[PDB]
Amino acid sequence: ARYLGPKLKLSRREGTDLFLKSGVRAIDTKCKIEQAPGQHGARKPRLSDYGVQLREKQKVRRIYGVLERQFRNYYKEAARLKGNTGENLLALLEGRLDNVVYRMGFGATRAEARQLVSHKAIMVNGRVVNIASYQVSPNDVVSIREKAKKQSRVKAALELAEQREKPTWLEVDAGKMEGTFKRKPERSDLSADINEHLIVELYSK
Amino acid sequence: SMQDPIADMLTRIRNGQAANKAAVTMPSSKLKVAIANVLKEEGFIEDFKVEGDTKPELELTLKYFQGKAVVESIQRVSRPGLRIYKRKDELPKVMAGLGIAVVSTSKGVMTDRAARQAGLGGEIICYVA
Amino acid sequence: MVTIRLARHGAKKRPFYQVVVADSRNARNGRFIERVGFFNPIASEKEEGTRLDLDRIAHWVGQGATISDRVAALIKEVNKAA
Amino acid sequence: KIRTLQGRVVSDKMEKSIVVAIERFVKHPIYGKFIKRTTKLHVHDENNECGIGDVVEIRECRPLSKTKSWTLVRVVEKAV
Amino acid sequence: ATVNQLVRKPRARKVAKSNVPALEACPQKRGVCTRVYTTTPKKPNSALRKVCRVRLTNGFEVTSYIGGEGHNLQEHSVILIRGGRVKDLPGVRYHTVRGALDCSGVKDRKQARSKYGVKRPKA
Amino acid sequence: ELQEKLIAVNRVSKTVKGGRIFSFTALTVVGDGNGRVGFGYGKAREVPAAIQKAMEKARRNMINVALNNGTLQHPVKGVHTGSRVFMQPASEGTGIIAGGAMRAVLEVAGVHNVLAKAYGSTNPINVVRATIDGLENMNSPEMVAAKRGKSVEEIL
RNA sequence: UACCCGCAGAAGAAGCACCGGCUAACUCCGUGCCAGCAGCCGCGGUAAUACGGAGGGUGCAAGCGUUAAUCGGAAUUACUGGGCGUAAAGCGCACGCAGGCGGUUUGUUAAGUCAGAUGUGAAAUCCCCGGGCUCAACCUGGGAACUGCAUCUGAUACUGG
RNA sequence: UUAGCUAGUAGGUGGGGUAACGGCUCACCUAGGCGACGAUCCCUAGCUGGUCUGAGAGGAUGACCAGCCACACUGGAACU
Ligand SMILES: [Mg+2]
Ligand SMILES: [Mg+2]
Ligand SMILES: [Mg+2]
Ligand SMILES: [Mg+2]
Ligand SMILES: [Mg+2]
Ligand SMILES: [Mg+2]
Ligand SMILES: [Mg+2]
Ligand SMILES: [Mg+2]
Ligand SMILES: [Mg+2]
Ligand SMILES: [Mg+2]
Ligand SMILES: [Mg+2]
Ligand SMILES: [Mg+2]
Ligand SMILES: [Mg+2]
Ligand SMILES: [Mg+2]
Ligand SMILES: [Mg+2]
Ligand SMILES: [Mg+2]
Ligand SMILES: [Mg+2]
Ligand SMILES: [Mg+2]
Ligand SMILES: [Mg+2]
Ligand SMILES: [Mg+2]
Ligand SMILES: [Mg+2]
Ligand SMILES: [Mg+2]
Ligand SMILES: [Mg+2]
Ligand SMILES: [Mg+2]
Ligand SMILES: [Mg+2]
Ligand SMILES: [Mg+2]
Ligand SMILES: [Mg+2]
Ligand SMILES: [Mg+2]
Ligand SMILES: [Mg+2]
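Protein chains in written order, with PDB author numbering: chain i, 2 to 206; chain m, 2 to 130; chain u, 1 to 82; chain v, 4 to 83; chain q, 2 to 124; chain j, 10 to 165.
Take these hints with a grain of salt, some might be off.
Stated by the list, open to error - The calculated label-pair distances, taken between Cβ atoms and stated as ranges, are: (1) 142(i) with 43(u): 25 to 35 Å; (2) 30(j) with 73(q): 51 to 61 Å; (3) 67(v) with 25(u): 32 to 42 Å; (4) 95(j) with 36(v): 24 to 34 Å; (5) 84(j) with 36(v): 20 to 30 Å; (6) 34(u) with 130(i): 34 to 44 Å.
Rather than coming from a laboratory, the hints here were simulated on the basis of the structure. Built from N, CA and C at the ideal position, the CB exists for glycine as well.
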């Protein structure tokens, strides 16, 4: 129920970086980021209208690491909730626990942020939470717990979080290895290359 | 036969607008004055006038803006072959509220917007858009 | 006769009881006359796990409806908390 | 104050009993047209006082017969 | 189309018959092979389609195509048809399930391997 | 600044004494992300030459569409020769819900929230004419106020 | 039993379909109208991106395909929402009963219609706002809804009497 | 491409009968009753709250849960 194959192969198909590695080494060195994977990778075929709607949805899934049946259910919830459907779709992805661990920089990658969640190393409001897709309500604290506070990869990940842009809707305390999900992010707070309208048109056949 | 006088009124408006006629005349009625009352008030025709004693003739002075016609579309909704009555919650919004639906209510013939503010529905005479 | 009793409506291993008024010949989860509240035995802290419309319960008992053994415990526990 | 209905009298040949056409006026559930629907009821009358083509006003009572559970109260428009 | 005409005579729909009537709204039906043979197809094609006439269990006598290369099919053999017609054969409306109750899987087939009842080739 | 989309390319023919002569047709539509929309239909012996004739005619004969914020203003209908076309103003961020050739013409039209349905023949030449004809007679709350001689607020 | 704590070590845990167009994803080698494919269009006659294997890729994922079945797309029975000169489609023409429909004015009626209230429309379900299981599925509180029907009180423009 | 159906049938009177109204039963009297707004006949079928689909209107459907109904080897009958 997880993707376990090569990770830059996903970034090579999408054509851009998906932040699937920690960013220590530059991504253009580890792979040909401008060439799609495979034997026929040099050719850029005339991608169809269904292709650009699929590649946009396959971009956003491969960023967060969500399979299709669960990502379909986020669309059902985002269309059910009031307001902009596409913005609610990103607001549900930003509410995942393994994203909050990544955005606070407690894990270097989102997969490593997922494993810290999955191996019972995260406490949310004092209680340990084991599910990666746990929704994090606003005004909630979320911390590295006591036993995994002495891990090497945790404080090494806080180092890599300083190279990345600091998100506005959080408030992290790198000494205590905790944070506070202050509010849900605005659409303007996230990346601007994601055409969320292409995903909404895809699940509305 | 003249099965429906009200659809004759709307068709003489519609053919009157398309033929660039200045005025359109027709036999008058108690209901046709109340419809021309709404169309003058809501701004679609310039003026109406009823003349004569034995057989009164209702004359409509049409309205033209920037050369082309003001009344873009006019349709009969409730007709003698198939009546349409709506409650006050299910009153229509013609052209998303830009057009009007002339509705016959218990407090006389009025537009659909005034029918909601009066808090009671009735029979939809026509869509004017 | 008409009675007032519990009705098992929960998940597996986590019960939840609707206290209903029913003719006693009906099934447990089946036909009932009036739903007069609920009871939660796996009720957490800081939530109500017992709420009984005692005006309706005293109305049916005045009509002669009987009370179950567990309901008469819960009518007592409401009248000790309140 | 009491529930009552009206309709034409279709036939009166059997004694102490008339059959009355109550013609309700319902909307079609699909097409929206208003369609006249006719309901025939066997109505008990004492004294055989009604005729064919007569309008009558009836009320519901306990079942007098197999097909008859209705009794008139009064008559309007008796004549031709 | 007049609203009075639809009151008197409503819009009647089209009861669509099923082009696999012998299955009788079941997904598969067990049959017994009556005659195994070959058939030449329609005019744009040219082959020898391996297709068998089958007495089914419910009593019908339908013919059924045998997919894949090679078959151990005989007369008096108990197979399982599933429905789905071959276009280029006149009158063949059913496919045998390869790998069901007498029929063997296709020898040495490694792609679309589950459509022919062939196990995963272990290294 | 005028974004350009080709909808469909098509190979047509013309039989002469020597045999069949093939040619190519291209249906392109342009737009500025606002009410200026315009389509073109070019034809030549070669596919890159045909799109260029289509893009050339599409840049002139533009038409102006009184949009709302990011959507239409009232549910309008448009017909041309096989294609009665329904389109509808929609809520914020529901996307362009439109079919085939109609998707390309509304995307360069600068709308972002439509609920569309193409009835009748879905031939791409006539359905792109039916939306342009559908969008052109869509009128604003300002246009109906000056026409009827009232304020915008008396119309609501 | 849930739950919690300790141990040990990446160990004990990935497959299925598909890649001619629709339809996301291509090359090579066998094969030679054969063997075979196939939902439709159609592929195969010696250079097959369509058959079989391989490499590669794509979609899914403890599932994946296939078949059966229902609605959808189908506005392709069209009430919403179609047509009938020539594409399927105006009876050969007419009179006419039932039926549908009906000019204009006033009065009256309140049947239709409209409004309000009451009674009812079991609970569950669906929806909304919450609550509870580490989350979700699930469970649950309150509400809306149940577009209906009945009775009563009105309203009188329209339709009927 | 089922158009006629019905003699306890339709109604009345009286008797009987049931917890109770009633052709429910019986005698007698009357000649009715139903039907083109589909009687009768034939084929199919448990019904509903609902479920599935659908933007909607609709279509399809009645497994689980719940309400009502029917049946208990088959055909009958009554007792308590
Ligand atoms: Mg799963
Ligand atoms: Mg939404
Ligand atoms: Mg306790
Ligand atoms: Mg395959
Ligand atoms: Mg295949
Ligand atoms: Mg067509
Ligand atoms: Mg492709
Ligand atoms: Mg050859
Ligand atoms: Mg070859
Ligand atoms: Mg293919
Ligand atoms: Mg269909
Ligand atoms: Mg349909
Ligand atoms: Mg047609
Ligand atoms: Mg001909
Ligand atoms: Mg013809
Ligand atoms: Mg003729
Ligand atoms: Mg005739
Ligand atoms: Mg009149
Ligand atoms: Mg009147
Ligand atoms: Mg009334
Ligand atoms: Mg009312
Ligand atoms: Mg919760
Ligand atoms: Mg309910
Ligand atoms: Mg009148
Ligand atoms: Mg008697
Ligand atoms: Mg049966
Ligand atoms: Mg539809
Ligand atoms: Mg048995
Ligand atoms: Mg028995």
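So, going through the hints one by one against the coordinates:
no. : hint                          : in the structure
1   : 142(i) with 43(u): 25 to 35 Å : holds, 27 Å
2   : 30(j) with 73(q): 51 to 61 Å  : holds, 57 Å
3   : 67(v) with 25(u): 32 to 42 Å  : holds, 37 Å
4   : 95(j) with 36(v): 24 to 34 Å  : holds, 26 Å
5   : 84(j) with 36(v): 20 to 30 Å  : holds, 26 Å
6   : 34(u) with 130(i): 34 to 44 Å : holds, 42 Å
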